[PDB]
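Work out the full structure, taking the sequences as your base and the hints as a guide.
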Amino acid sequence: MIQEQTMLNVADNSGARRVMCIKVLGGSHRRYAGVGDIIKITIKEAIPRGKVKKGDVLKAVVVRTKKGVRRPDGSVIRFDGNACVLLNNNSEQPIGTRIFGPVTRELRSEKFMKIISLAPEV
Amino acid sequence: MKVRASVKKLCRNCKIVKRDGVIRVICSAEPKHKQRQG
Amino acid sequence: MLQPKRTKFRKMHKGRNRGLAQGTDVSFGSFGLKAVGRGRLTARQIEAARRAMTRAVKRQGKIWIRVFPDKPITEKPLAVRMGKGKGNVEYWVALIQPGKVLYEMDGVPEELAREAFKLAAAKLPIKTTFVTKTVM
Amino acid sequence: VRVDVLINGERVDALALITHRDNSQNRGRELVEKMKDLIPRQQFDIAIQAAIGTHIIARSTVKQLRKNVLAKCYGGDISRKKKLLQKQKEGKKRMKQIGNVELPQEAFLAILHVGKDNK
RNA sequence: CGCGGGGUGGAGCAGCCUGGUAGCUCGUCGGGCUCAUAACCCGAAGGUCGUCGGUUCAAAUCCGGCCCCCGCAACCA
RNA sequence: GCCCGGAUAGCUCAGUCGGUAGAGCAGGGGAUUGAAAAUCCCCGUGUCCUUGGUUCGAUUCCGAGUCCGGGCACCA
RNA sequence: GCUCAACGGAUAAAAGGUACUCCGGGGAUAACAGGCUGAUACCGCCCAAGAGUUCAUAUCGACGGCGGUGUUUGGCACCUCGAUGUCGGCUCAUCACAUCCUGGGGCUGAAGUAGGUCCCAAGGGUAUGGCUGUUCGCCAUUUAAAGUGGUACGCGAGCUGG
RNA sequence: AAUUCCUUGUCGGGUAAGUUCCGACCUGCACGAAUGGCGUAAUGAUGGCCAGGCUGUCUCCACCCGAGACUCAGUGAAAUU
RNA sequence: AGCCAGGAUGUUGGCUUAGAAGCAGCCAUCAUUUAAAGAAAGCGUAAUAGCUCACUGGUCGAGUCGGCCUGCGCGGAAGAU
Ligand SMILES: *C(=O)[C@@H](N)Cc1ccccc1
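In order, the protein sequences belong to chains K, 4, M and x. All the letters of the first sequence, read from the start, carry residue numbers 1 to 122 under the deposited numbering. All the letters of the second sequence, read from the start, carry residue numbers 1 to 38 under the deposited numbering. All the letters of the third sequence, read from the start, carry residue numbers 1 to 136 under the deposited numbering. All the letters of the fourth sequence, read from the start, carry residue numbers 481 to 599 under the deposited numbering.
Don't read these hints as lab results, they were simulated from the structure. Careful: at least some of the hints might be erroneous.
[To be verified] Below, in silico cross-link-like pairs of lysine-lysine (DSSO-like), each with a Cα-Cα straight-line distance of 27 Å or less:
1) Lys9 (chain 4) - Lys123 (chain M)
2) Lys86 (chain M) - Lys8 (chain 4)
3) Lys76 (chain M) - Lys576 (chain x)
4) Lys599 (chain x) - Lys54 (chain K)
5) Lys561 (chain x) - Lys76 (chain M)
6) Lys86 (chain M) - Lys563 (chain x)
7) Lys23 (chain K) - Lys59 (chain K)
8) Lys552 (chain x) - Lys111 (chain K)
9) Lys111 (chain K) - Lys596 (chain x)
10) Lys14 (chain M) - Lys71 (chain M)
11) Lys596 (chain x) - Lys40 (chain K)
12) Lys118 (chain M) - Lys15 (chain 4)
13) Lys561 (chain x) - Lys84 (chain M)
14) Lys23 (chain K) - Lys596 (chain x)
15) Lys59 (chain K) - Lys596 (chain x)
16) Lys76 (chain M) - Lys569 (chain x)
17) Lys563 (chain x) - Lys40 (chain K)
18) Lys562 (chain x) - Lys114 (chain K)
19) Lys9 (chain 4) - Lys58 (chain M)
20) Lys111 (chain K) - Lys51 (chain K)
21) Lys51 (chain K) - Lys599 (chain x)
22) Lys84 (chain M) - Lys562 (chain x)
23) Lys2 (chain 4) - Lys118 (chain M)
24) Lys53 (chain K) - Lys599 (chain x)
25) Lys76 (chain M) - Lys567 (chain x)
26) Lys34 (chain 4) - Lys118 (chain M)
27) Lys118 (chain M) - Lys9 (chain 4)
28) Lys32 (chain 4) - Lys71 (chain M)
29) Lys127 (chain M) - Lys9 (chain 4)
30) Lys552 (chain x) - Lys76 (chain M)
31) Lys76 (chain M) - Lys562 (chain x)
32) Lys62 (chain M) - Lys123 (chain M)
33) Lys8 (chain 4) - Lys127 (chain M)
34) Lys86 (chain M) - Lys561 (chain x)
35) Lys123 (chain M) - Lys2 (chain 4)
36) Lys23 (chain K) - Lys599 (chain x)
As structure tokens, then:
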């Protein structure tokens, strides 16, 4: 459950640091994003070296979420903090080249091909 | 097909017919000339 | 377009519009638009009705306008209350009553005139009909 | 001939063109049409206009923005209402003469074709 | 829209209220003085009086309309 | 969209009942200077916005158009 | 002997403020909603000059003409002065169709995808934020779309009080 | 601008987006020098804006604790018409 | 009305346009072959060619046609409990 506002930590490098949801893309009146839903992003902090600078607007896959995720057996993952990897606004595809921390198995898909290939676990 | 209130012929091929209460021009020649209501 | 050059007074009563027209017969020319209606012709309408009519016979042929505006039709401004004087003049209009002949034409084919008018008729408030100069 | 593109009389060398004169009226009355759709509304009424020499073969205009002013008076007397609207008019005449219009990246996109992707 | 003041030589103002007459400073033109230009001295030229149509023996003036200018008013809801 | 006035040289503009069009300035020359500005002088270098029509004849008149200024109406 | 010109002439003799208010009355008379009206607005339609490579009517359509609805501004003063409390926001709504999406069709300057445009249809659906009291609008990013209108410009004996 | 109608003027700053807020411009409808002019540390239950923290204000409301409401016995109003 | 035929010559009419051949436009529109045929009523062509109507023959055998003046009707005609 990510919602508008809601600061997100970023998984990939590219100087993102702190970030804020501005829209949940999907449908009319859509409320929540989690798992690996695509969303809008707007930067706040950012590193000085800057793969991307402060005040940018972007897209991002929600990855880890504090509310966790379920799946068929009733098992439930629940990461301590929300995190998303950035995406190029038109072409999609992560603009980063690394992934920090675990990502969920659920994320797997064609367009999210480049992420799960990276990252230490799951 | 144009509705319009004053139908009338255009092309010589235009026909004028009264199906139901409605009037209707009919040019087999040029399709644009179809018209209802007049 | 087309109004008296001068007037003995500036404004005028609303009047009334009863009775059959005077100049009911053609003379200046051959073909003619007789009225049949009752009403008015603002100085524009006798004009725009003309431009439709001149543009058909083109430069050839001739035309006489039997009627002339000569009646002020005053009006009050936009959203103002009644009665602080008669409103100032806005547009001239010529009353016309049934049988009045509105236009005439000369060196033209009869069939170019039924058309030359029928265009002109569409631009006018009153009903009309084509008519001929007659042997008498 | 050249076909310069004016903006409030500020001729813009960037948009200069060269076309056979018969062609000019269409390239003329078209080039303004891109400008009309991509110059943001301004606080005073605007006048885009393609023209050859001083002669002007085409024009379009952006509209004014304007305060409602009347949204208040509702007694229905008119003279009490022309007073407000008279200022709205008298003052736009001033704002129109100082004018001046920044034109950033517009001297570029679409105006230089690249109005379609990938661009 | 409502009241009231104004349009006069190239410029800024008198003249009008008190129908018969247009004046001031400037500048423009010519001539002087100086090595030459300013200033300076002498002479001169220059005005449908905002248009229109009216009272008139006669209109810058008088009374009506139209054209800009400026000033004041536009209030209780 | 209506109303009134417009479109005349490279630029700012004067003119037309229907009788072979101009001014300042810019430009190009002359005079002057040892030559330079400056100054005086001299040349218009236009199909009278574009397109059709009437007239012996059109920059004026007429038709259609693209435009410029002002005045109303639209213009958070 | 009066320009007592407010000209049948209240005195020989006279101006303003009130949001600090007061009393007697008035729907005889104004501000809101209603009513009649429809100039203004909005919406169609008739005529067809013009634009559309040629091509009046795929698309637009000038001047001029005839209508409809009762959103705006208005008119008149019919109803309420013997206290009816006016925009917007919240909450819950409801009818109209001149339809924003979805659905069915004719024409197209409709190859395809994507459109334009009129006819049919009201079952369901119809965005969150930034600024501002604002409805509106401009901007931000969404969406199948972010419809236009009435309902006392719905809704204060239901809340709010900007 | 506590003053500026036109006006959300125009430029810059902050904001994903800022009719307010901040610094400027000067075309001041209609600032001005003891009906004071321009500054100014401390003070303010004063006006406006921004940020960190904290959260049921909110997305969106769920449960529980007690006093009313509801039923039984005793007493027993009011505006109104 | 239908069905079978002809629908020609001067000649690409004049210009104007790269092209203007019945047909993009402007002015004109006579003359011959005859049953009859417009220098052209549409379609057609880049331009020609090409296909029709107009007018004539043939079969066909009984009314056909377009306006006028009047009676009544039909479209025009969309609203909110
Ligand atoms: C803008 O301020 C207005 N034109 C918009 C509007 C005003 C009042 C009511 C509805 C719209």
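27 Å Cα cutoff - pair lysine 111 (chain K), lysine 596 (chain x): The given pair, whose Cα atoms are some 25 Å apart, holds under the 27 Å limit.
Between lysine 86 (chain M) and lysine 561 (chain x), is the straight-line Cα distance small enough, at 27 Å or below? 23 Å, holds
Given the hinted pair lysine 127 (chain M) and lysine 9 (chain 4), is their Cα-Cα distance within 27 Å? 23 Å, holds
Take a quick look at whether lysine 32 (chain 4) and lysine 71 (chain M) sit within 27 Å of each other, Cα to Cα. 47 Å, violated
Hinted pair, alpha-carbon criterion (27 Å max): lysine 86 (chain M), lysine 8 (chain 4). Please report holds or violated. 48 Å, violated
Does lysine 123 (chain M) lie within 27 Å of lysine 62 (chain M) when you go C-alpha to C-alpha? With Cα atoms ~20 Å apart, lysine 62 (chain M) and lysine 123 (chain M) stay inside 27 Å; holds.
Going straight from one Cα to the other, do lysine 596 (chain x) and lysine 40 (chain K) come out at no more than 27 Å? 24 Å, holds
Compare the distance between the alpha carbons of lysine 23 (chain K) and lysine 599 (chain x) with 27 Å, and conclude whether the hinted pair is satisfied. Satisfied, since the Cα-Cα distance of roughly 26 Å is no more than 27 Å.
Do the alpha carbons of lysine 14 (chain M) and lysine 71 (chain M) lie within 27 Å of each other, as the hint requires? Cα-Cα ~9 Å, so holds.
Distance restraint between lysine 599 (chain x) and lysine 54 (chain K), which requires alpha-carbon spacing of 27 Å or less: Distance ~24 Å between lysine 599 (chain x) and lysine 54 (chain K) Cα, so the pair holds.
For the pair supplied as a hint, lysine 76 (chain M) and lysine 567 (chain x), confirm whether the alpha-carbon distance does not exceed 27 Å. Satisfied, since the Cα-Cα distance of roughly 24 Å is no more than 27 Å.
Given hint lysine 563 (chain x) paired with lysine 86 (chain M) - CA-CA distance at most 27 Å: Status holds; Cα separation ~24 Å.
Hint violations for this structure: numbers 2, 3, 8, 17, 18, 28, all remaining hints satisfied.
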